[PDB]
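Colleague: Below, each chain spelled out in residue letters.
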Amino acid sequence: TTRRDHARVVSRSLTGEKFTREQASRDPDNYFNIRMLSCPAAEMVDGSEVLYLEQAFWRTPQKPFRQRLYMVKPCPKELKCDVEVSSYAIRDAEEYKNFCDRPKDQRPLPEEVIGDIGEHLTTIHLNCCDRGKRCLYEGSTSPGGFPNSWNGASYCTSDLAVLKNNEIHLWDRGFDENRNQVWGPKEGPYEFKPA
Amino acid sequence: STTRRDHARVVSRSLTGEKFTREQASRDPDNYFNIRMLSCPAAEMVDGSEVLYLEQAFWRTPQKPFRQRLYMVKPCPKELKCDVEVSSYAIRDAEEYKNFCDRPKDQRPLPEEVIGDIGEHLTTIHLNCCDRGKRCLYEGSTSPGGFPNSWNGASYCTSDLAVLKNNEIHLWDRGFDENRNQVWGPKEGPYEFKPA
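Going line by line, the protein sequences match chains A and B.
Taking the entry's author numbering, the leading residue of the first sequence gets 43, the next gets one more, and so forth.
Taking the entry's author numbering, the leading residue of the second sequence gets 42, the next gets one more, and so forth.
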């Protein structure tokens, strides 16, 4: 299987409707039941697949608290990873609310989506997991960047694992200028499983 | 014959103590969680500001607060027409402050270190004393446009604060992106903190 094949598995695994209900029943102290809803929104010139993804508390599924655009593409031959997943904020997120439940003519078109891509938030390079590992793919935001790159302000980290049967483990955390955690779960990733 | 200094003492007293949003969360669990607020005086300033330490935690993990701040409460300066100024600051090393209110004053950061190790300024609210006939004793909001914030694609944050009788506090902290979409904080209204 090629890196293009791997990227297609990752993008497929990220699409659909998912809940963290099982994890919330197992550890209610630390995790809520969150609904994730995602579907493809555009395709870039370089073959990159662009997914819209939103998260909502299960009791208010039409009021998402997070809205993102994710780009999934095979890692280039020079890099040693398999799949790159990068996330972006949206220019005017209200236009994208419940995107995946609206007809194509009443929601942003793929051309509009390309120009609605906002600030880059995360890049994760995923590797295919070894045989016998629980995951299919796993990766984290890079621990290092170019010299003189950090602007000294709040930053975020992300860990992503893709498991069998379209299960996604996602840990998004934000930190302040002194490396105190300011948002996101403290204990570990949210475990999203299909509805 | 109430001075702005007396008003600031009323606000500081109402903000201290242990509070929960339990009642609001039971009434409207679609939109609000049960959050524990724990606050206590940490320093008194030469200016006259009282400095409060204030943390918030999910009720099931009171030992792992998700937000820890310092709040300076002082009478408004004479040049402004308001009663009380409440400003919030980040803490440099939040770990040194965890469950500050349960630890003894000499076994926790001292007043000189508290003000000295104060982090970035986050919000300022000017509270006004409410007329007779209103539910609140004091109410105020950050001025339009809020203050800079960069959490989760935000560009600014706003804060609404109301003090009610019997130490009830209404607090609405929210972050918004450059295009005025909310990005963090409760969406439907303030959290209603009442004493246990």
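These aren't lab readings, by the way, just hints derived from the structure by calculation.
One thing to keep in mind: the hints can contain errors.
To be verified - Once the Cα atoms are required to be at most 35 Å apart in a straight line, the calculated DSBU-like pairs of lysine-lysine come out as:
#1 B/228 / A/146
#2 A/206 / A/122
#3 A/175 / B/235
#4 A/122 / A/235
#5 B/146 / B/105
#6 B/175 / A/228
#7 B/235 / A/228
#8 B/119 / B/175
#9 A/228 / B/146
#10 B/235 / A/139
#11 A/206 / B/146
#12 B/146 / A/235
#13 A/105 / B/146
#14 A/119 / A/175
#15 A/228 / B/115
#16 A/235 / A/139
#17 B/228 / A/228
#18 A/139 / B/105
#19 B/146 / B/206
#20 A/175 / A/122
#21 A/105 / A/235
#22 A/105 / B/235
#23 A/105 / A/139
#24 A/146 / A/175
#25 A/105 / B/122
#26 B/115 / B/206
#27 B/105 / B/139
#28 B/206 / A/139
#29 A/206 / B/235
#30 A/235 / B/228
#31 A/105 / A/119
#32 B/228 / B/139
#33 A/115 / A/206
#34 B/139 / B/206
#35 B/105 / A/105
#36 B/119 / A/228
#37 A/139 / A/228
#38 B/175 / B/235
#39 B/119 / A/105
Colleague: Against each hint, give a clear statement of whether it holds in the structure.
Modeller: Comparing the hints with the structure gives:
1. B/228 / A/146: 28 Å, holds
2. A/206 / A/122: 23 Å, holds
3. A/175 / B/235: 48 Å, violated
4. A/122 / A/235: Satisfied, since the Cα-Cα distance of roughly 29 Å is no more than 35 Å.
5. B/146 / B/105: 21 Å, holds
6. B/175 / A/228: 40 Å, violated
7. B/235 / A/228: 26 Å, holds
8. B/119 / B/175: 25 Å, holds
9. A/228 / B/146: 28 Å, holds
10. B/235 / A/139: Holds - the C-alpha atoms of residue 139 of chain A and residue 235 of chain B are around 34 Å apart, at most 35 Å.
11. A/206 / B/146: Judged against 35 Å, a Cα distance of about 53 Å means the pair is violated.
12. B/146 / A/235: 47 Å, violated
13. A/105 / B/146: 44 Å, violated
14. A/119 / A/175: 25 Å, holds
15. A/228 / B/115: 34 Å, holds
16. A/235 / A/139: At roughly 21 Å apart (the allowed maximum being 35 Å), residue 139 of chain A and residue 235 of chain A satisfy the hint.
17. B/228 / A/228: Between residue 228 of chain B and residue 228 of chain A the Cα gap is close to 22 Å, so the pair holds against 35 Å.
18. A/139 / B/105: Distance ~32 Å between residue 139 of chain A and residue 105 of chain B Cα, so the pair holds.
19. B/146 / B/206: 28 Å, holds
20. A/175 / A/122: Roughly 19 Å between the alpha carbons, so the hint for residue 175 of chain A and residue 122 of chain A holds.
21. A/105 / A/235: 20 Å, holds
22. A/105 / B/235: Roughly 27 Å between the alpha carbons, so the hint for residue 105 of chain A and residue 235 of chain B holds.
23. A/105 / A/139: 8 Å, holds
24. A/146 / A/175: With Cα atoms ~39 Å apart, residue 146 of chain A and residue 175 of chain A exceed 35 Å; violated.
25. A/105 / B/122: 38 Å, violated
26. B/115 / B/206: Holds, at roughly 19 Å.
27. B/105 / B/139: Distance of about 8 Å is within 35 Å: holds.
28. B/206 / A/139: It is violated: about 39 Å lies between the C-alpha atoms, which goes past 35 Å.
29. A/206 / B/235: 46 Å, violated
30. A/235 / B/228: 26 Å, holds
31. A/105 / A/119: Not OK: residue 105 of chain A and residue 119 of chain A at ~41 Å, beyond 35 Å, violated.
32. B/228 / B/139: 27 Å, holds
33. A/115 / A/206: 19 Å, holds
34. B/139 / B/206: 29 Å, holds
35. B/105 / A/105: This hinted pair holds, its Cα atoms lying about 27 Å apart.
36. B/119 / A/228: Cα-Cα ~44 Å, so violated.
37. A/139 / A/228: OK: residue 139 of chain A and residue 228 of chain A at ~27 Å, within 35 Å.
38. B/175 / B/235: Status holds; Cα separation ~18 Å.
39. B/119 / A/105: 43 Å, violated
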